[PDB]
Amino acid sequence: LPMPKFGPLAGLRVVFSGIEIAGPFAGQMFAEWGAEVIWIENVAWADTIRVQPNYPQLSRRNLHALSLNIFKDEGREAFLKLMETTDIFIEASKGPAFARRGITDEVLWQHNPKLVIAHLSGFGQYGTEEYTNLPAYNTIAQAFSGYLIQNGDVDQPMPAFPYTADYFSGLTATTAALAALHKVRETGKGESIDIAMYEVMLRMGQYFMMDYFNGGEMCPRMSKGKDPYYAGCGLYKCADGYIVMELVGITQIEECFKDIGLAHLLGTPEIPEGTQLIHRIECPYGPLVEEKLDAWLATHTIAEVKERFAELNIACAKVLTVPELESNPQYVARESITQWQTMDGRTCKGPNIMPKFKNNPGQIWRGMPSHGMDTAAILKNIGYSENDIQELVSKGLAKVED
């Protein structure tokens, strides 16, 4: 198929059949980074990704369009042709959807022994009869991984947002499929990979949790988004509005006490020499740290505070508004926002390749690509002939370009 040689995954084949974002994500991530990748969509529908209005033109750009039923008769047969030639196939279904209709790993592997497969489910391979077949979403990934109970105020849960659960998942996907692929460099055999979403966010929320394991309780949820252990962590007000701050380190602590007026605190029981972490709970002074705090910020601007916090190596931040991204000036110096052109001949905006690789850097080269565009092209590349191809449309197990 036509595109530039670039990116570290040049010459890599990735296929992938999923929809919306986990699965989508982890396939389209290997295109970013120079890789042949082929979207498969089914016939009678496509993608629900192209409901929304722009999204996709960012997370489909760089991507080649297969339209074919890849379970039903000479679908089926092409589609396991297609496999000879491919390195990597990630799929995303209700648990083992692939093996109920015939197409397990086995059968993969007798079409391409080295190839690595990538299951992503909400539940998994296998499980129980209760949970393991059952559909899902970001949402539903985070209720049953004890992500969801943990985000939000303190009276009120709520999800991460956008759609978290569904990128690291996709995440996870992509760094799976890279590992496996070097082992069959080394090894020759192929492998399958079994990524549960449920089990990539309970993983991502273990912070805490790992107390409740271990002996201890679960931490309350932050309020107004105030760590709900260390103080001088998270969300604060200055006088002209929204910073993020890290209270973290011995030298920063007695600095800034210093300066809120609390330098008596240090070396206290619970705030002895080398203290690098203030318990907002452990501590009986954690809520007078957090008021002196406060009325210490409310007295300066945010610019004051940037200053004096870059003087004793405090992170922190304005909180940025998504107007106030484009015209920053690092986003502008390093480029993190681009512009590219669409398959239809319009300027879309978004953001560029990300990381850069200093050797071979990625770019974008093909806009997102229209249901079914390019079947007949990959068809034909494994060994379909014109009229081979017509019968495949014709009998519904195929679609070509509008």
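Positions refer to the first chain, counted from 1. Compared with the form deposited in another entry:
- Hinge assignment between these two forms, with options 333, 298, 164, 319: the rigid parts meet at 319.
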Given for the second form:
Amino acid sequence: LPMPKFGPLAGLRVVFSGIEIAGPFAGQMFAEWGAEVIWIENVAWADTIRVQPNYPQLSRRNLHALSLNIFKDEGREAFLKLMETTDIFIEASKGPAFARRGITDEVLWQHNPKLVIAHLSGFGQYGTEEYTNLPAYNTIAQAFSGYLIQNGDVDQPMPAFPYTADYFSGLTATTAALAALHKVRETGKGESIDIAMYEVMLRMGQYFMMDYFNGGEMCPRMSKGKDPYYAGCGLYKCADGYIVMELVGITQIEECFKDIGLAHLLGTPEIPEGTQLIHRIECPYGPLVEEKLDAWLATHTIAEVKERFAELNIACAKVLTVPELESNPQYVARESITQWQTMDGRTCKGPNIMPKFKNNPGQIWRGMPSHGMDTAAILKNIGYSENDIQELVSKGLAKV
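For comparison with the form deposited in one PDB entry, provide the form deposited in another entry.
Here you get just the chain by itself.
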């Protein structure tokens, strides 16, 4: 298919079947970085992402759109033919749904024995009958992994937002699919990858959970965005807004304590000389430290705190609101937010390609395609005639 040659993944052919965030995010990252990526949609039912007015202009850029019933008659035949030239196939579904509909890994490999197959599900491709076939979204994966219980305030759990587990899960699928592709180059043999969203999020939530599994206690939740375990770390209110800070280091603690009126705690059994990080659970002065930190920060503007904290080498940042990003100097210098043209000729603003590859940078070469926009070109490219395509369309097995 016609497109510019760019990025580390030029020449790669990637196909995904899935909707909304997780599966499509996995596939579309390949497209940010140069790959030929094909988005499969159902014929009567488009990806529900298309209901959002702006997000998909970002989340479906650089893609080719195919609309095909991949499970019926000529539709299935065209899908399996497509697999013959495909390097990586990503599918998101409820457990082993493809296998239930006749498309097993074995069937895919009969068409391409080198195929990397990434299966993204909520609960895995195997397990128990109770959980394996359950529908999952982000919130379910957070709940089921112990991630949700660690987010929110002391007395109110909540999910991490927006849709955090969907992005972790998609990104993991991209990572694993690339690692599998690497091995194909040596062995000439494909691979199947079982990415369960709850196992993804299980791993992301281990920092303190590992204490629970190994004799210790679990950590409590944050109190108003303050770290549950480390004093002077996390979210604080200044006179004119929010900041984050990380009170870490010997001199940092001593200078900060001088400023806030707690020099007299320094060099005591509770806070000995050379302390570099205050453990709030262990420390009986934890609450006093937070009281005096809050009081000092409350009487100073963000700018004054940043100036002082720079003198003291204390890490901090203003909590930026969305309207402050586009004019921020670092964003401007790095072109972190850019613009591109949609398919219908309108200017769209959003994040540039990330990360920045020095020798082979990504680029935005196409806006989001419409439903079935490239069906005819894709089918022609894999050997269908104009007549064949019209007959698929007339049976309702494809949409152009």
